[PDB]
Amino acid sequence: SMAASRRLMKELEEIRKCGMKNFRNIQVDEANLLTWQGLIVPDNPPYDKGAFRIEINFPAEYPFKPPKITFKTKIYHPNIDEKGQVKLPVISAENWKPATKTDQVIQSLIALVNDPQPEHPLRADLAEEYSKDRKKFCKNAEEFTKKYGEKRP
Amino acid sequence: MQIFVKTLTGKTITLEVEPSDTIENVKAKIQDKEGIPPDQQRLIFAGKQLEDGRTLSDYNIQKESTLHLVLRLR
Amino acid sequence: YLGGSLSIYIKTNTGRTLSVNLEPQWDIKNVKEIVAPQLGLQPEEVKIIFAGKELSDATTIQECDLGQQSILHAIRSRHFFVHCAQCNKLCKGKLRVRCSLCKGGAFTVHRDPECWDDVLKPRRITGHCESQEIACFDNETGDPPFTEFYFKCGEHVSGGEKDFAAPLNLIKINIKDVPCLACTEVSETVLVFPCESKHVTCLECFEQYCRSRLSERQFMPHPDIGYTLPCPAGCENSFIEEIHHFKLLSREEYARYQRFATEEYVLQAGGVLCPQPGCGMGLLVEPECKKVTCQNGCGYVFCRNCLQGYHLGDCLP
Ligand SMILES: [Zn+2]
Ligand SMILES: [Zn+2]
Ligand SMILES: [Zn+2]
Ligand SMILES: [Zn+2]
Ligand SMILES: [Zn+2]
Ligand SMILES: [Zn+2]
Numbered sequence: 000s001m002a003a004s005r006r007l008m009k010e011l012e013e014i015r016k017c018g019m020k021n022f023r024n025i026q027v028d029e030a031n032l033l034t035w036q037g038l039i040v041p042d043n044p045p046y047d048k049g050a051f052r053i054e055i056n057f058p059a060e061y062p063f064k065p066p067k068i069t070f071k072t073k074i075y076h077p078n079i080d081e082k083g084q085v086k087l088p089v090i091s092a093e094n095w096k097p098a099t100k101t102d103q104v105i106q107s108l109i110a111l112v113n114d115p116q117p118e119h120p121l122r123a124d125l126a127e128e129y130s131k132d133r134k135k136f137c138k139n140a141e142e143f144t145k146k147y148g149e150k151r152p
Numbered sequence: 001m002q003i004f005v006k007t008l009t010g011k012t013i014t015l016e017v018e019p020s021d022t023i024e025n026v027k028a029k030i031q032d033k034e035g036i037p038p039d040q041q042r043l044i045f046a047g048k049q050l051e052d053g054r055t056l057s058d059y060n061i062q063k064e065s066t067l068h069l070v071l072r073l074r
Numbered sequence: 025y026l027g028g029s030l031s032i033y034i035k036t037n038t039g040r041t042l043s044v045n046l047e048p049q050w051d052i053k054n055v056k057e058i059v060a061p062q063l064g065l066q067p068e069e070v071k072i073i074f075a076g077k078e079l080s081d082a083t084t085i086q087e088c089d090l091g092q093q094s095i096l097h098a099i100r101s102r172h173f174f175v176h177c178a179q180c181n182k183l184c185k186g187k188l189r190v191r192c193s194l195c196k197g198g199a200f201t202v203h204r205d206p207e208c209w210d211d212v213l214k215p216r217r218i219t220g221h222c223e224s225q226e227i228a229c230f231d232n233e234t235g236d237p238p239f240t241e242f243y244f245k246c247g248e249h250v251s252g253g254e255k256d257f258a259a260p261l262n263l264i265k266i267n268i269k270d271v272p273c274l275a276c277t278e279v280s281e282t283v284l285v286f287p288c289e290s291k292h293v294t295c296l297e298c299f300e301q302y303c304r305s306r307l308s309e310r311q312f313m314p315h316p317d318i319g320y321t322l323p324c325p326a327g328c329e330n331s332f333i334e335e336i337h338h339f340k341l342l343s344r345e346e347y348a349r350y351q352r353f354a355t356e357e358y359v360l361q362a363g364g365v366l367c368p369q370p371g372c373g374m375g376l377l378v379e380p381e382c383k384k385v386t387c388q389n390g391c392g393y394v395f396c397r398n399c400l401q402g403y404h405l406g407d408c409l410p
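Protein chains in written order, with PDB author numbering: chain C, 0 to 152; chain B, 1 to 74; chain A, 25 to 102, 172 to 410.
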């Protein structure tokens with residue numbers, strides 16, 4: 000809770016100065032340092048310029064335990080749960096190095112969003128859909144993502 | 001110097017023993033103070049069974065290290 | 025700089041023990057010319073031994089890395174790191190030596206290894222002993238015993254004859270200002286992990302990592318090594334082969350490591366715990382035998398295939 004929270008704070012600082020276009024609107028509630036709020040704008044057409052609001056909660060053992068990510072904004076995506084939970088290989092406790100920075104994980108998540116992976120689905124129906132039929136999948140996707148998610152210039 | 005042997009129960013027993021003593025000696029002392037059969041005793045420290053032939057010094061037992069007791073009915 | 029003055033015991037070949045206190049800056053040749061009239065031996069005769077090395081006559085007393093109430097010996101002839178039971182925090186350790194046969198000191202060592210060397214093995218070097226009129230012989234035995242080392246806590250007063258501590262060989266001073274993996278924070282004192290990449294972590298992160306991997310019984314099991322920890326990065330074949338490092342954590346955090354290690358050992362080896370509350374007794378029952386007793390305990394008999402009272406009929410639910 001010392002070399003942990005301070006490292007987390009440092010990463011937060013570097014992320015703040017690194018105002019990369021894809022991840023904007025950083026909201027770290029001053030009460031609890033272990034929870035972050037964010038807003039992500041994908042460049043790709045299926046989730047075109049539609050900002051999705053995410054929350055990242057870090058364990059009390061952050062340096063040696065993978066953080067978890069939830070999506071407060073509903074999203075039509077195979078690797079994303081209905082509750083908002085996400086299956087990211089970089090995160091999953093089976094293969095997570097402590098040295099892995101937060102921004103790298105965020106970039107990995109963005110990459111996962113832009114191009115979905117049907118190899119390991121949390122939501123099987125959408126996975127089979129995208130694997131077999133893309134255009135109707137893209138229709139449902141764009142429809143839903145215009146239906147939910149706040150656009151940002 | 002002294003050490004502690006501890007049954008999982010919490011029953012802690014204090015035993016005086018010096019580093020260059022075999023596990024057999026410790027077993028003999030424990031059984032002498034409680035009444036266990038010599039063979040039934042399996043001493044375990046940090047999850048590894050202690051070989052009867054070797055000594056405490058080979059496992060680098062400190063002052064008041066806890067040597068947990070396990071009993072082998074056999 | 026509290027006192028400066030040092031007090032030292034001196035044990036000779038004979039049984040007599042001499043208490044002498046000196047100033048840290050006196051010549052060892054002078055010390056020889058002080059010990060010689062102390063027992064009545066000639067000043068030219070005395071050779072002084074400490075920790076194995078034939079002491080230089082010119083070297084300063086302070087130079088010898090010597091604490092308080094320590095012991096040196098005499099005869100007529102002519172950056173470590175340890176964990177202390179008294180001192181919870183690890184302290185700078187000092188290295189002394191003892192004869193395998195007579196369990197005594199004051200002998201000469203042949204190689205005198207500096208650091209980063211082959212060590213900590215029962216059989217290494219043989220040396221001449223002063224005690225018992227040079228009667229430490231292996232010629233007769235055949236089975237070879239050897240001069241063995243040990244470590245003492247150098248932050249406090251010590252008992253020269255038998256005081257010892259646990260050596261933590263994985264902890265080094267940060268000589269190249271290497272950053273800790275977990276915090277990217279260069280710590281003066283760090284720990285080096287046994288993997289090829291030589292990953293390093295400071296003490297705070299050793300403690301946090303341990304106490305985080307501890308509550309859920311997550312210590313990786315090796316038969317020979319013990320219940321240890323993998324590399325923070327999870328590098329292969331990087332298991333801490335000397336467990337005592339865990340003593341960086343205090344009473345609770347470490348004793349519970351001992352307990353859990355024992356319990357899991359019992360569980361995996363086939364043994365079974367005691368269902369009666371507050372017993373937890375692990376009893377290694379012969380695989381075929383299915384009547385469970387509680388040896389020197391609560392004598393409750395359970396089926397082991399049901400964790401319930403001894404039943405003759407098979408336990409269906
Ligand atoms: Zn000490
Ligand atoms: Zn000797
Ligand atoms: Zn650290
Ligand atoms: Zn490693
Ligand atoms: Zn019992
Ligand atoms: Zn049963």
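It is worth saying that the hints were derived from the structure and are not from the lab.
Among the hints, erroneous ones may be present.
When the alpha-carbon atoms are kept at most 35 Å apart in a straight line, the in silico DSBU-like pairs for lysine-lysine are as follows [unchecked claim]:
hint	chain 1	residue 1	chain 2	residue 2
1	B	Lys6	A	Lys35
2	C	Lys71	C	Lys82
3	C	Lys96	C	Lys20
4	B	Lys63	A	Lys77
5	C	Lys146	C	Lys67
6	A	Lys185	B	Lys63
7	C	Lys64	B	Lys48
8	A	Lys187	B	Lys29
9	A	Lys77	B	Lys29
10	A	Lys185	A	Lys214
11	A	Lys185	B	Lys33
12	A	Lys214	B	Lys63
13	A	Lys383	B	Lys63
14	A	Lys187	A	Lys214
15	A	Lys187	B	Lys6
16	A	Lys35	B	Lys48
If the Cβ cut is set under 10 Å, some of the chain B residues that face chain A in the computed set are [what the hints assert, rightly or not]:
hint	residue
17	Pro19
18	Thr22
19	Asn25
20	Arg72
Beta carbons are placed, not taken as given, at the ideal position from N, Cα and C, and that holds for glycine.
Quickly compare the C-alpha distance for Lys64 (chain C) and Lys48 (chain B) to 35 Å and report which way the hint goes.
28 Å, holds
Are the Cα positions of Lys383 (chain A) and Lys63 (chain B) separated by 35 Å at most?
39 Å, violated
Given hint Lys48 (chain B) paired with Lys35 (chain A) - CA-CA distance at most 35 Å:
40 Å, violated
Interface hint check: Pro19 (chain B), Cβ to nearest Cβ on chain A, cutoff 10 Å. Holds or violated?
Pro19 (chain B) check passes; min Cβ-Cβ to chain A is 7 Å, inside 10 Å.
Keeping to a limit of 35 Å between CA atoms, is the pair of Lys187 (chain A) and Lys214 (chain A) held or broken?
Between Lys187 (chain A) and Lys214 (chain A) the Cα gap is close to 18 Å, so the pair holds against 35 Å.
Mind checking the CB of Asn25 (chain B) against every CB in chain A and telling me if the closest is under 10 Å?
15 Å, violated
Between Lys96 (chain C) and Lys20 (chain C), is the straight-line Cα distance small enough, at 35 Å or below?
Holds, at about 26 Å.
Quickly compare the C-alpha distance for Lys63 (chain B) and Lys77 (chain A) to 35 Å and report which way the hint goes.
Holds - the C-alpha atoms of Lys77 (chain A) and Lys63 (chain B) are around 28 Å apart, at most 35 Å.
Would the pair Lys187 (chain A) and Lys6 (chain B) pass a check requiring their Cα atoms to be no farther apart than 35 Å?
Cα-Cα ~31 Å, so holds.
Given the hinted pair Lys214 (chain A) and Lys63 (chain B), is their Cα-Cα distance within 35 Å?
21 Å, holds
Within 35 Å, alpha carbon to alpha carbon, are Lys71 (chain C) and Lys82 (chain C)?
Cα-Cα ~9 Å, so holds.
Hint consistency between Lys185 (chain A) and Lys33 (chain B) [alpha-carbon to alpha-carbon, up to 35 Å]:
38 Å, violated
The structure fails to meet hints 1, 9, 11, 13, 16, 18, 19 from the earlier list, while all remaining hints are met.
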